[PDB]
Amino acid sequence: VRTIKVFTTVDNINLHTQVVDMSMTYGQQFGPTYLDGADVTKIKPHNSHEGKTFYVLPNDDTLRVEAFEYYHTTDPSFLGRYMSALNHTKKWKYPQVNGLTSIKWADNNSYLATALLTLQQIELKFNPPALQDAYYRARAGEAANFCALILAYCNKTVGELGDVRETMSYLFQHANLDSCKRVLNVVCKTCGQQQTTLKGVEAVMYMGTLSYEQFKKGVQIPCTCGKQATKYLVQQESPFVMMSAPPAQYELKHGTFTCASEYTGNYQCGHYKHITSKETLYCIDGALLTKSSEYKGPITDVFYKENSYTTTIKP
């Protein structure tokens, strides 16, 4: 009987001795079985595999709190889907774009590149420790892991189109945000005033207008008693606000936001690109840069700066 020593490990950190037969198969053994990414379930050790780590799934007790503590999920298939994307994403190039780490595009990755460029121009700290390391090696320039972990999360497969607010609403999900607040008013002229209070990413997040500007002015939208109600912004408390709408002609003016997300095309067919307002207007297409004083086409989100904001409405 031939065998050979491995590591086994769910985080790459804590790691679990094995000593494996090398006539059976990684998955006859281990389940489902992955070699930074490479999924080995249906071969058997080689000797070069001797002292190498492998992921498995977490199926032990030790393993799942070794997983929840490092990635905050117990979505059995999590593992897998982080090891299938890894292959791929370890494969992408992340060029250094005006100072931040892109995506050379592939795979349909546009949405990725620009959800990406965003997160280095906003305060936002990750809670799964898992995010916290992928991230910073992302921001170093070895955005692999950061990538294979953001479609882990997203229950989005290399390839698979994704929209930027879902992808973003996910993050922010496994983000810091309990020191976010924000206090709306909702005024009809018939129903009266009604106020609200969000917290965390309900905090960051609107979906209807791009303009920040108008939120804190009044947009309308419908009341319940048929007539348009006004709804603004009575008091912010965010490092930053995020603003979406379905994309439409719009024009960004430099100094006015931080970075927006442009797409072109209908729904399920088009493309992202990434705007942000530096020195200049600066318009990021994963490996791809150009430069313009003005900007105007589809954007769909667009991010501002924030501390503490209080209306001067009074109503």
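Positions refer to the first chain, counted from 1. First, how it differs from the form deposited in another entry.
- Considering the chain as two rigid segments that shift between the two forms, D11 sits in a different segment from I103, judged by which superposition fits each C-alpha better.
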Second form
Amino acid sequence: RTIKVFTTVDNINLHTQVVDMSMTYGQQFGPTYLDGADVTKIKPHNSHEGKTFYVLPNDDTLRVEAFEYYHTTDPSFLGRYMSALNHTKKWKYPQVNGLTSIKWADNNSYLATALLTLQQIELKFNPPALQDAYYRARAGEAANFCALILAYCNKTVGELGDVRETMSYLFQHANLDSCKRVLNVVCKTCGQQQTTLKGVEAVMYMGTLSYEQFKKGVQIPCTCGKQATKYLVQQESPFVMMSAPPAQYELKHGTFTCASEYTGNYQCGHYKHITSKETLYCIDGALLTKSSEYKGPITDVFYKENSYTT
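Now show me the form deposited in another entry, since the one above was the form deposited in one PDB entry.
If you are looking for partners or other molecules, they are not here, because only the chain is given.
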């Protein structure tokens, strides 16, 4: 009339619980998952004796362990993650030019480029769930990782994704604490003026794709209206991410690590991944083609960095 079972939010803590066998797991735990399967409407069939189930964080020690694993506190995180996972484990993640990609499915082009970029920049995620899923994605098993990205960005399977917005969300969960970007500008009405940026904001700029153009200054307007020049004074980070609204722009081999291109219906668009290895490579989900140069609508280009002073 009862069965012994375990419930967890992070798959490591496993609190014991005694289940009625006359009630549904849902009646007892709220929404409940057995190996990704939604068993909320189900009554114990023995079998589960000894098994472990995923629950949403109902009590206060569950919310703690969940925050410590996912570094979020949204009650609806475990469930949006499983909603998306029901579809992501059905995708197929082939290796492409050494890297783990995703074949087209459910308008995921922006996820495949996002994931191919993450494997070329050196980045380590604080939240234990992310880093574990990120290592498994590197091994060809990126289903958990993709379902985590969708959940961290508040996106459902199939919605329109935006690479810059997707990476902005993830980079806040990445260990970018030690990244410094220092910017100075010439007379507005102030001659010189100096600012400093830290963390996620240090490695991200909207407005121009050319890292060198950014090094050598960009003329942006100033408080009175005089077109001053912003220039990269110093930079300390493992990479930088230059974005800009999309236009015909030319990817010159050996001048950037990787980049993303957006084509097709603007509202439900398509993304392609451009990476520079021996020659320029275009990774398109599962379709790989090589070329000496590239021209297309480029949104966001990725470059590697150690330290920079001008």
